[PDB]
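**Q** Chain residues, written in single-letter form:
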Amino acid sequence: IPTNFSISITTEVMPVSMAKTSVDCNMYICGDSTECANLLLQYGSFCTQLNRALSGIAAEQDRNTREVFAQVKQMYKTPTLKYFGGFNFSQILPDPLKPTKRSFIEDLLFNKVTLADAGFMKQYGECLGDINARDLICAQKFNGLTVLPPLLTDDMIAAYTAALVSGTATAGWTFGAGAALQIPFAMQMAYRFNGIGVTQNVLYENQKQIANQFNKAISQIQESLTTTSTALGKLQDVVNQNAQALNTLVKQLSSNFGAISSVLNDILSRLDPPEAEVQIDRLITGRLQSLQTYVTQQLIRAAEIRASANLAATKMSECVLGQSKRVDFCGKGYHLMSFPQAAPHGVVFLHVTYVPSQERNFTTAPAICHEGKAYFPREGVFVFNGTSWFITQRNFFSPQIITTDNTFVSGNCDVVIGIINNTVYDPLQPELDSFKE
Amino acid sequence: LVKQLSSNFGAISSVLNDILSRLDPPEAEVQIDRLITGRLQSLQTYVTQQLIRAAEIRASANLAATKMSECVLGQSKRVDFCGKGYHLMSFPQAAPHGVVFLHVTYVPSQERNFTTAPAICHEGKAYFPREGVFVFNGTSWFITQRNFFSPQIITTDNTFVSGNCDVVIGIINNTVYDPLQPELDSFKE
Amino acid sequence: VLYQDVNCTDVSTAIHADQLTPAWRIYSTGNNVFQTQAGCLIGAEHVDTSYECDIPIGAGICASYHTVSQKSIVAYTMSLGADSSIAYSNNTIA
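Protein chains in written order, with the deposited numbering: chain S, 696 to 1132; chain A, 944 to 1132; chain U, 596 to 664, 671 to 695.
Derived by calculation from the structure, the hints in this document are not laboratory data.
In silico BS3-like pairs for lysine-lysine, Cα to Cα no more than 27 Å straight-line:
{"no.": "1", "chain 1": "S", "residue 1": "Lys807", "chain 2": "S", "residue 2": "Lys911"}
{"no.": "2", "chain 1": "S", "residue 1": "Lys903", "chain 2": "A", "residue 2": "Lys1068"}
{"no.": "3", "chain 1": "S", "residue 1": "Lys929", "chain 2": "S", "residue 2": "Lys796"}
{"no.": "4", "chain 1": "A", "residue 1": "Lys1020", "chain 2": "S", "residue 2": "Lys768"}
{"no.": "5", "chain 1": "A", "residue 1": "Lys1027", "chain 2": "S", "residue 2": "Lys772"}
{"no.": "6", "chain 1": "S", "residue 1": "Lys911", "chain 2": "S", "residue 2": "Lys796"}
{"no.": "7", "chain 1": "S", "residue 1": "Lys807", "chain 2": "S", "residue 2": "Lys777"}
{"no.": "8", "chain 1": "S", "residue 1": "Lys817", "chain 2": "S", "residue 2": "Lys929"}
{"no.": "9", "chain 1": "S", "residue 1": "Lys1027", "chain 2": "A", "residue 2": "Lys1010"}
{"no.": "10", "chain 1": "S", "residue 1": "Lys1020", "chain 2": "A", "residue 2": "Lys1020"}
{"no.": "11", "chain 1": "S", "residue 1": "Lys911", "chain 2": "S", "residue 2": "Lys777"}
{"no.": "12", "chain 1": "S", "residue 1": "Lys1027", "chain 2": "S", "residue 2": "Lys929"}
{"no.": "13", "chain 1": "A", "residue 1": "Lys1027", "chain 2": "S", "residue 2": "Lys1020"}
{"no.": "14", "chain 1": "S", "residue 1": "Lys903", "chain 2": "S", "residue 2": "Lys1027"}
{"no.": "15", "chain 1": "S", "residue 1": "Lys1027", "chain 2": "A", "residue 2": "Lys1020"}
{"no.": "16", "chain 1": "S", "residue 1": "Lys793", "chain 2": "S", "residue 2": "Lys777"}
{"no.": "17", "chain 1": "S", "residue 1": "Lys911", "chain 2": "S", "residue 2": "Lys1027"}
{"no.": "18", "chain 1": "A", "residue 1": "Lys1131", "chain 2": "S", "residue 2": "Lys1131"}
{"no.": "19", "chain 1": "A", "residue 1": "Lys1027", "chain 2": "A", "residue 2": "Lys1010"}
{"no.": "20", "chain 1": "S", "residue 1": "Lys807", "chain 2": "S", "residue 2": "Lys929"}
{"no.": "21", "chain 1": "S", "residue 1": "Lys946", "chain 2": "S", "residue 2": "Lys929"}
{"no.": "22", "chain 1": "S", "residue 1": "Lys777", "chain 2": "S", "residue 2": "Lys903"}
{"no.": "23", "chain 1": "S", "residue 1": "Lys793", "chain 2": "S", "residue 2": "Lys911"}
{"no.": "24", "chain 1": "S", "residue 1": "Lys817", "chain 2": "S", "residue 2": "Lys946"}
{"no.": "25", "chain 1": "S", "residue 1": "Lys796", "chain 2": "S", "residue 2": "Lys772"}
{"no.": "26", "chain 1": "S", "residue 1": "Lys1020", "chain 2": "S", "residue 2": "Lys911"}
{"no.": "27", "chain 1": "S", "residue 1": "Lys1020", "chain 2": "A", "residue 2": "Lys1010"}
{"no.": "28", "chain 1": "A", "residue 1": "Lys1010", "chain 2": "S", "residue 2": "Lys768"}
{"no.": "29", "chain 1": "A", "residue 1": "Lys1027", "chain 2": "S", "residue 2": "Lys768"}
{"no.": "30", "chain 1": "S", "residue 1": "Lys768", "chain 2": "S", "residue 2": "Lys1020"}
{"no.": "31", "chain 1": "S", "residue 1": "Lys1131", "chain 2": "A", "residue 2": "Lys1068"}
{"no.": "32", "chain 1": "S", "residue 1": "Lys807", "chain 2": "S", "residue 2": "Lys1027"}
{"no.": "33", "chain 1": "S", "residue 1": "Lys817", "chain 2": "S", "residue 2": "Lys836"}
Have a look at the derived ranges for each label pair, beta carbon to beta carbon:
{"no.": "34", "chain 1": "A", "residue 1": "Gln1053", "chain 2": "S", "residue 2": "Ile995", "range": "47 to 53 Å"}
{"no.": "35", "chain 1": "S", "residue 1": "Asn699", "chain 2": "A", "residue 2": "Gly1081", "range": "35 to 41 Å"}
{"no.": "36", "chain 1": "A", "residue 1": "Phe1034", "chain 2": "S", "residue 2": "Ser1129", "range": "56 to 62 Å"}
{"no.": "37", "chain 1": "U", "residue 1": "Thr604", "chain 2": "A", "residue 2": "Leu986", "range": "42 to 48 Å"}
{"no.": "38", "chain 1": "A", "residue 1": "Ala1038", "chain 2": "U", "residue 2": "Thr624", "range": "43 to 49 Å"}
{"no.": "39", "chain 1": "A", "residue 1": "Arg1055", "chain 2": "S", "residue 2": "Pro1061", "range": "44 to 50 Å"}
{"no.": "40", "chain 1": "S", "residue 1": "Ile995", "chain 2": "A", "residue 2": "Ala1007", "range": "20 to 26 Å"}
Note that CB positions come from ideal geometry on N, CA and C, so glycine has one too.
Hey, can you work out the whole structure from these sequences and the hints?
**A** Take a look at the structure:
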């Protein structure tokens, strides 16, 4: 039976969105040539189908992001104290004095994976910037590859994360069932422990120790997210795969598919149209095949990202919006809490798991026959015995005396194998003996 | 897929029985091979899209079957899985190429502000609540449950024994009730 | 209309000089709203209010069909959510 506790916090990075790309096949293939476009129109409406598929991918990514983040109805204001019952909630809620509207953990996440393959932004065009700074640099390229900004901005994602953290810390966990029931954080932790199986005694009698362990775990998470390596591997791998796909598409664009040259407006200037159409057809076919392969790979990656986003939304609805008894689903051991964090094209959860501590060897007792009837244990499942002494619980020592309130009546003693003869206690007999005599 | 069939994939016309009455057999070979290649590429793209859509529909069907097995065939404590709040019931309904469930969820109602009590020390020992998790108190009065008001008096059957009173922060001094003492004093004395 | 990626400085010139390819015969321009995920919102007013996202455009901006003064299409900040007044308290139970 464990004798102490250890409040641990684990991290889990799961992508929920990818790069919303948009490739204009009218500019990628047959950039500005009229006869090239006339020959492309003969092959059918492939460009329309590819544009429809890309728009569907973008809409699916936006819907996944909305279903993952936008889950609460009201936007609960972030508290100003950020210190509830001894648990220091700093570096989790947006600071009212910091210029950015995110937290320290969110800043560390956005300052460690937002490299976005620095040096490859010149390949495709993008209309980046913000309307607040009034710059809004709108860049375009001849390849036609564009990246559409997501619907939910980073500010809105940070606001949703702050609302989730406020609804998890304050108001308990009933904010997910469509209500708002105020409750202190200490009572919330006690109820989480009671739902796990640990009595409220370990929570209330050791509140300072649990708060110190939580603060130490938060500090360790901050240290592991400040200066480390191989962190946020999922989002980094997604960004790298997107960049590699874009680079392969760009390289396939400048490919000589059995023609005079791989660059347009170069075969129409040195050759005759009846002799140039033969070379144009091969390049058109090659570019169409490359773009179809790219669209297929993008569809597969979008399906994978949608599956991951559905899994992340399920995990959020099960761990943040309540207390799930699912084994090894939220964290490592017992869930006991969950805090989501904003991340670029992904969600990083902070599962405040419950891990046991140092153990000790004891003696078991399946049953105890006092006066011919066996007394099987109540909710307290483990009969901790030096030599047939007490009855305790599972997840903690909790030395408690054996009484008639912790055991129920049963049959004889020759039915259970391994029963140890002992004596049971009942507060009624000494009280009656003291009252009468 | 239908509209892509009438497309000139580098040929003279996208309609059969027309390039065979105005061209030579050796040229008709290539004129037909181009259309065959174009139609094969279009059909391969269609089959790939159908495979992707079938995988998506299979994932959705597995999710729906899991939801049915968890909500209809029993009572799952999953948060925001069956309905909005507490599941409490589920009724499936037939639908064309789909399933429509009827989650009879449990939603709370109007609230009221109360006072908390982490522990109650009657005679040196703090009585923590056993079943009723919320200690509803006007001024240290009763002990109730969470999901409903249910005004119930504080007794020794709803609370257990613990240590001293200087271990829990916020303990409120109050008195506990036990039905044994008044009954004894009324019967014997 | 909603152009994919433009600067809203060349599109107006092409429309006023008949240089855009999809030039409709009964098309005009009355207002331009330049923002991220551009398109200039030709035919819609950029109101500083906030309503639920009805037609998702992009970059936190959506579109709907409300009554300004009458019925027309507007643009807002997507109204990311309704405000609440839940305040923490160590002695309050709901």
